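Okay, here we've got a single chain as structure tokens, the form solved without the ligand, with questions on binding and movement later.
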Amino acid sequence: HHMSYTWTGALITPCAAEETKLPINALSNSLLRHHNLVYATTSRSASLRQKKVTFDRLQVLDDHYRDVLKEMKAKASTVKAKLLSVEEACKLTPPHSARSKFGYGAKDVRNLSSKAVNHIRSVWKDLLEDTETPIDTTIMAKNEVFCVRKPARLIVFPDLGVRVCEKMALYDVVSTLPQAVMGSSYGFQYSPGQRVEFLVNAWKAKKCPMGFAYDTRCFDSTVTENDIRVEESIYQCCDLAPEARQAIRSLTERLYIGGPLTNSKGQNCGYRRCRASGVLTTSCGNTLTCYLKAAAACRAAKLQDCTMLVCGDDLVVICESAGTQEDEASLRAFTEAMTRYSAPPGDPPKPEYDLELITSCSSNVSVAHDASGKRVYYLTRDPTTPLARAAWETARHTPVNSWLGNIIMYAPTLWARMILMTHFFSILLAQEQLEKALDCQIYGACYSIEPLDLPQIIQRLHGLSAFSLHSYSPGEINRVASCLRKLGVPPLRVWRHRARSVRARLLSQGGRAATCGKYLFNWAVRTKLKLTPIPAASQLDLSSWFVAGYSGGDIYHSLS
């Protein structure tokens, strides 16, 4: 047997009181009236998840797997990465990162306090000197908001001191290596606008395109000890500082391959023998491992002219069709291979012949036209979870604000423009907090963003057309309308009226507030201002953006 986890029987315990019901609040109710549909997960459902994530892994590797691995290693040897200093790693720590068991918190780390730095230095030295002793981890039930119920997701993470050391050893590796190894297939390197262009190009370049998303069942749990050792072998192909090599070796043996699980009450909950969901390498490791397995499976299945796009455990393949029945057979062969590699599917993949019908990372491509009449493709999603979360975050102050990330990531969409932007700029205006920087998440990492910079951020990530899409697709119109009815969200007509008021108030303030009124809410007015490129937009330093943070979220960047 080769189980993802073993358990003692000790419970996964909360760190505080956990709310399950959406609070009834006047502001939140102006967004969403059917509050009974909205719930937050809690530790009370943790045992159901434990059952789901615990299973035997079977893995058999073949020539296709080893051939791709050899190629990946050759490419990794063209990478150089540096150690981060204590201070650099400290400043990548989000302010609400979990505090250390050893007498300090995230703010102490961020302020370079002597206690924090001294402990981090001691942990680093211990990684260099000890390559064997398993490192402790905490296991927690996540508290996440959904519309109706899902059991809580689990997160597994080491102490804050270790997390800072991970950054020192590996931040520059995870930031640099995947592009070199996977090329254009590395999904996190693209902005949303670049991602759509890549997909449309890839689709439209085929004579007869076929595409599918591949859903691996509980990916972290399918990741074997050998997978994690293979990942390390790829990291070690880089040109690294001697201390980096040692710390990576130590982290792999002591933390990444497995270790003990401790609850918030300090009790031994069990042992992990699979991917930790809350370590620095979770996203990069999953991406490399998913790519390796999938690339090998493509060859096993004899798929023709494959284009792969990989974001962690999320995979899309676009290829040349051989005919419907032939494609069905190839997908079965693909699934068989992934299964042999210990990446069995949740829902078996289905061949799709319409690009807009593929869903990956909860998203699909759709089409509109911009102010110039040009056809524009963009990424959208069902707005249910975004709106449910926005309602919760309106009722309750939350440390990380999903609504801001959703505005940024889904800026071109009908629902982000008409509902999210209107709702939150109305509240920020009323509360006089337009200037206040807020923490949000983009690609699972944490960003401090000033709402007043949104026009420039949107232009950089999506292009100028984000501010003028019209003629949304009937499917998209209907999905949005169905969502609003289900959740009890006011009609778009109401949002238009609210936005006109928000826009006028913003324009009156001048400065960036006025830019927000002009660009974000031009859709709301009959007499539309001519929107030209915002010159200051190119000033934003996005060099260090898009490093993936799933599922720990423990990377921080402030927009500069």
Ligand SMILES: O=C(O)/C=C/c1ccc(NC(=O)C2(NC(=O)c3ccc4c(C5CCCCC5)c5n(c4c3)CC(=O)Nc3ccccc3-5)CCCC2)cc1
Second form
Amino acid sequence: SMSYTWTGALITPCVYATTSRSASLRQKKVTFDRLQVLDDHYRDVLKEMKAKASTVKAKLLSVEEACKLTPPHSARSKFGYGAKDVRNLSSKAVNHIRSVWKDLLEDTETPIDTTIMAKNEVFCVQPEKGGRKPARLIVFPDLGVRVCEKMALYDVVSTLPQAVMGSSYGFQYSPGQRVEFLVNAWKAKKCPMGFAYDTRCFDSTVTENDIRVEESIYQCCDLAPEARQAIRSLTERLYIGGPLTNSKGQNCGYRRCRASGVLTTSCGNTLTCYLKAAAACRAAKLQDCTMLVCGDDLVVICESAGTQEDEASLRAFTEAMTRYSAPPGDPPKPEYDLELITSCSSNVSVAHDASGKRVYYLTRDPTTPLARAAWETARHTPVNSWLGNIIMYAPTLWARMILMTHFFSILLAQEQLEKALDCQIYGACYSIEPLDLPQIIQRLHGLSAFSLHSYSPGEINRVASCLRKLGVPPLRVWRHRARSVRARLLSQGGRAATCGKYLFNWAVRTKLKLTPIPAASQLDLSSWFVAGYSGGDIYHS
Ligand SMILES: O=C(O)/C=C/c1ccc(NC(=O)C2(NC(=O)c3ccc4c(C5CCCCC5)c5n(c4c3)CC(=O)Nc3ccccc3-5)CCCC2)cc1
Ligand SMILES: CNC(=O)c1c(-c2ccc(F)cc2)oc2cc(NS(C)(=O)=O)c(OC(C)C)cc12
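Now that the form solved without the ligand has been shown, please provide the structure of the form deposited with the ligand bound.
Full assembly next; the chain just shown is listed first.
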């Protein structure tokens, strides 16, 4: 069946930000027929996944618990209330949510309406290898339905993926634990080989049968009878597909693939990608596989069988993935150095701590993080990706020298150091105090994140080159600015002095002794690395 059918009505509007002007180019790419052929390997992996899902007991969330996970700036309902009303448990909001819930229990078939929109995402104007990327498309149901999804499935999508996939489930790890997991898996092989597998338009490759297969996994949980019906109804009325309405309320088309803006997008994609990849590992006869899956992003670390044998096994993996309706964008390449693998735009790199010990960390090309940080400072945004970047890429040369220096200088100048910020980190939105950054960094990356030095020449060159092309002052200017920020922070005492001491020890010759931060343990990060919620409309204060 077609991933999408279109009526002809346009997807109307809500360095460079993507707009609805490029939506037709994205519609062309994501529209195609899916061919799917299943085999014994697929069926065996599925049964194994279901036997693990059978150990899960999931709870139904109350209206209040579901309302309190709603982000403050979540899209307004068409039924006369917004995210603020949901969060305050207003009578209008709650009564509409209860009626949506009852309708899910009573109506098992009627397709639920969704809104289709072009995303406004910032990318950097690079006229070199290729041109601008068209806008990504977001498909989401009404606010009342989103609250109901949380009631039925929040506990499922938060608990089931780790129970089913174990150590392969990518969202359970902090950046420090992810690097450790990867390095240990790499070291455990006699002769390691690794590859990233990039599916072309993953969301469109997800068939109606794939979505029913996901439901079959959720249905293995011990569930309240209303949760069982709500999941059943949501699968048929929303998850498998449905009508698409534009921002002007016009009938836009019909979807028969994954909706990007539903609670199950991340969980469903991870489970589907994992099922297809684990079965393809068996078809390709890959030896001693370690997989790591984050939605459609997949990496396999295995035992090498030789140069030509590895090339042949990867061709067989791709053929199996293609039969499962997951063909690649670029064909996978075998890598024999862990640093050469790029997944989720990131790679593992090497540095040394204060003692000279070799430490590993995840990095990425800083162009998009810097362009996005520049965009957000230039235009007032409710969500700020720069803080997420400082947190997730804290050990990197670029997050420390540029991002920390620049934003702490702004916060000092504005006297806003104490002000909590809403920051979108991948999936879930969090309210974070910048003065808590040293404690957060220590917990996610370890104490070594404040003492890394002796970065790789290739990493240094990528940062320096990125600064030049974007018109950003060189690293020496950042060192000078960091020394002033550091001095101003220390002079303030308290948490500000802790920021000055730990975040900017790199900027001074006479270095301070960085001991474990006292505050660190008491920090509540219990809901940080549980599960993925990208497109799932999730908020944590
Ligand atoms: O050779 C030497 O010894 C010294 C050279 C040298 C070169 C340039 C400066 N620039 C400045 O002082 C100013 N800009 C900056 O001091 C500046 C700071 C951050 C900048 C950023 C981002 C970096 C990440 C955090 C958010 C801000 C961008 N651009 C920046 C410029 C350059 C810019 O204008 N825009 C973009 C566009 C895309 C991406 C990045 C940028 C402030 C007033 C005059 C311009 C200073 C010194
Ligand atoms: C499947 N792929 C992965 O899980 C990831 C790899 C990776 C890189 C090289 C490899 F060889 C293997 C994997 O790098 C990542 C970086 C981040 N960001 S971060 C800096 O916040 O950790 C990530 O976090 C999100 C998506 C939760 C997931 C991955």
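Positions refer to the first chain, counted from 1. If you superpose the two forms and keep the largest set of C-alpha atoms that fall within 1.5 Å, you have the rigid core.
Superposing on the core, what C-alpha displacement does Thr131 show between these two forms, in angstrom?
In the core superposition between these two forms, the C-alpha of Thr131 moves 1.1 Å.
Core-aligned, what's the Cα displacement of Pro94 between these two forms in Å?
That residue's C-alpha is offset by 0.6 Å.
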